[PDB]
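Protein chains: 2
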Amino acid sequence: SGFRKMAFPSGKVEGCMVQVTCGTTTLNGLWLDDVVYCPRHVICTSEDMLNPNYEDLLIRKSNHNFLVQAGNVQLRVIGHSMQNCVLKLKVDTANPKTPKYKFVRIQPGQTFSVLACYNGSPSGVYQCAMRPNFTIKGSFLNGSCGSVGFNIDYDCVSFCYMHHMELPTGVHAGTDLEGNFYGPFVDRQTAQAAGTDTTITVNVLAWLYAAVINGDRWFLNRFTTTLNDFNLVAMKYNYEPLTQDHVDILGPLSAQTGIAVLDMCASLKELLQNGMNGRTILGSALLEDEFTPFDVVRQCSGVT
Amino acid sequence: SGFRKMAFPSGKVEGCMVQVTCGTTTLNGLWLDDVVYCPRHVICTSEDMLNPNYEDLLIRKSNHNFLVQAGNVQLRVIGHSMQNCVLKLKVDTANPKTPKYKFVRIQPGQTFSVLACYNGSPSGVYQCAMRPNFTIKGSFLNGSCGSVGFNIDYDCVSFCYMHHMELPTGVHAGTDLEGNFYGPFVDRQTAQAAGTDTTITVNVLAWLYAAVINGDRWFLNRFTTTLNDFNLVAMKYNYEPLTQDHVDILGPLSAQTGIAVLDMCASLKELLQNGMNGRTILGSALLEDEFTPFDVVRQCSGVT
Ligand SMILES: *C(=N)[C@H](C[C@@H]1CCNC1=O)NC(=O)[C@H](CC(C)C)NC(=O)c1ccc(-c2cccc3nn(C)cc23)cc1
Ligand SMILES: *C(=N)[C@H](C[C@@H]1CCNC1=O)NC(=O)[C@H](CC(C)C)NC(=O)c1ccc(-c2cccc3nn(C)cc23)cc1
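Quick mapping for you: the protein sequence lines, in order, are chains A and B.
With my numbering as the guide, the letters of the first sequence map in order to residues 9 to 312.
With my numbering as the guide, the letters of the second sequence map in order to residues 9 to 312.
By construction, these hints were calculated from the structure, which means they are not laboratory data.
Mixed in with the good hints, there may be bad ones.
[Stated by the list, open to error] Calculated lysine to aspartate or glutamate pairs in the EDC-like style (CA-CA distance at most 20 Å, straight line):
1. A:20 / B:22
2. A:13 / B:296
3. B:108 / A:22
4. A:145 / B:224
5. B:13 / A:296
6. B:145 / A:224
7. A:108 / B:22
8. A:145 / B:296
9. B:145 / B:298
10. B:110 / B:174
11. A:20 / B:163
[What the hints assert, rightly or not] Beyond 10 Å from chain B on every Cβ pair, some chain A residues (computed):
12. 43
13. 86
14. 186
15. 197
16. 267
All C-beta atoms, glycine included, are put in the ideal place defined by N, C-alpha and C.
Can you build the whole structure from these sequences, using the hints too?
Below, the structure is given as structure tokens:
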């Protein structure tokens, strides 16, 4: 028993991290087969990052201007091309540790594990949710760019995120593995603002199910509600709309705990208009919206 | 920037996890060199676990009664011996993925990463602090036994914990890699109580430094205090004594942020007798004592 923020085992992704150095800028790359992926601002100086022309910068670079290193061995760059905000370097050697992988573009509200790397070497792992405003609340220092977010399906590593930027508010923004940013952000050292953020309602209800599973039950009331009456109450507190697709995802969790989905909604409706009144849920004085329904089942059933 | 609960990269430990099956009980083992380590209650039935005689049970077992499997290959057990609460099986093959490792017995207040495994395969990773009452607040299902806690020093994996038990209160208890339990617990399905727990004061002050590092500063006052005057206030709130060794560990953190250690103590003294008054620190309405000083420096300097 017990409930914790849990990240995927990072072993498979660790064997793919390489260091990329162009001139003086150094960051991390993703080495799958004989192609290395990294943010395209590897080729910028400190002074180009405030308004760069990545097409111009990439012209003046030959294959030899890029220094890819896996461990204490160098990998020879044979070609290079840019796909949106991601650079792609073809190397003369395919990674013998390459796992079965996929390139997915995740949706807001979904979670993933972040392997924070520096100089092509891992430093830690944690879990992040893609906010409704297409940001993530991560923990990245200088040189962390190139670190990847991922999910694991049995044996297939699903890469979904690559770190690029930190916003003035402290949150972070990045792209998928095709160079396409999440949200209306650009890779440029300039002031940018994210949209106003909302609370992921489904993740809150799933967190309440993990609460009931682990014995926290003081918030369950005898009432039920309809889906529409819950939405009109939840929105004045800036909670995301609950749709029928959402109730359907919460289905199996509602079956394991015996609590109807709309009964848990009536409990959340009471939580928002009454507060917690000095009590905590899962040792937390605040509600939590960074646990998807799939995350809860994984921790409470052991997917492995 | 940003601050998150961060676990070590679990790649090295992943290559050491094997499945151990004795008769019908199945759990996880630690395969380093040609020796596999696992909890000794692998040899119990469901009915023996309420008051087992592990010496008696181990007699009636030959080398062949143990089924060690790494992936889809079987490892042949050549010898077996028990060291306290840990079983040791000698196999005819040494793990080619064996890392540089050490067996350490950590102190209360220190943290480590937990690789939760089932059927010899990893399912997730998270960070845990060894409580002052020698328990840990983990997340373990049935069959998780044999999962190990560890810390990584550059290239050396320091194993310090092996999961054994869940207490009636939901917390968890285990041993080091020599079979020696942390605290006054025994491997037996019977009601046991841990000592009354306390708040790790040093970890709280280090968490406040990470707060200041990341811009959270509303709690810093203009006052200072002496170490003894802080301890007399902190203890009525069940906070651990702050000793000179403790101020010395917080030293380098106090140097990076420019705040004297005893100035941060005067701020914590004000926090305990006045509360937070509706404000949060690091997005948390509660104080946090599961971040050691070393954890904070790692996340705010990138040890890698
Ligand atoms: C990648 N190596 C690095 C990681 C990033 C920087 C350190 N922490 C992080 O999360 N990414 C960058 O350095 C990136 C490079 C560009 C994409 C070319 N730049 C930024 O992440 C960045 C953008 C914008 C600002 C910025 C601008 C105006 C005002 C302002 N106020 N704050 C606070 C930040 C501001 C800073 C950094
Ligand atoms: C290891 N495979 C397993 C993991 C453990 C069980 C599931 N979640 C966990 O954390 N460990 C065991 O099954 C272990 C085996 C013994 C060491 C032989 N037993 C327990 O972990 C355990 C001990 C005691 C109790 C128990 C006893 C009396 C009252 C009571 N009230 N609650 C709540 C638990 C109680 C249960 C389980």
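Now the hints, each set against the structure:
no.	hint	in the structure
1	A:20 / B:22	10 Å, holds
2	A:13 / B:296	15 Å, holds
3	B:108 / A:22	17 Å, holds
4	A:145 / B:224	15 Å, holds
5	B:13 / A:296	15 Å, holds
6	B:145 / A:224	15 Å, holds
7	A:108 / B:22	17 Å, holds
8	A:145 / B:296	18 Å, holds
9	B:145 / B:298	10 Å, holds
10	B:110 / B:174	26 Å, violated
11	A:20 / B:163	17 Å, holds
12	43	22 Å, holds
13	86	28 Å, holds
14	186	25 Å, holds
15	197	15 Å, holds
16	267	20 Å, holds
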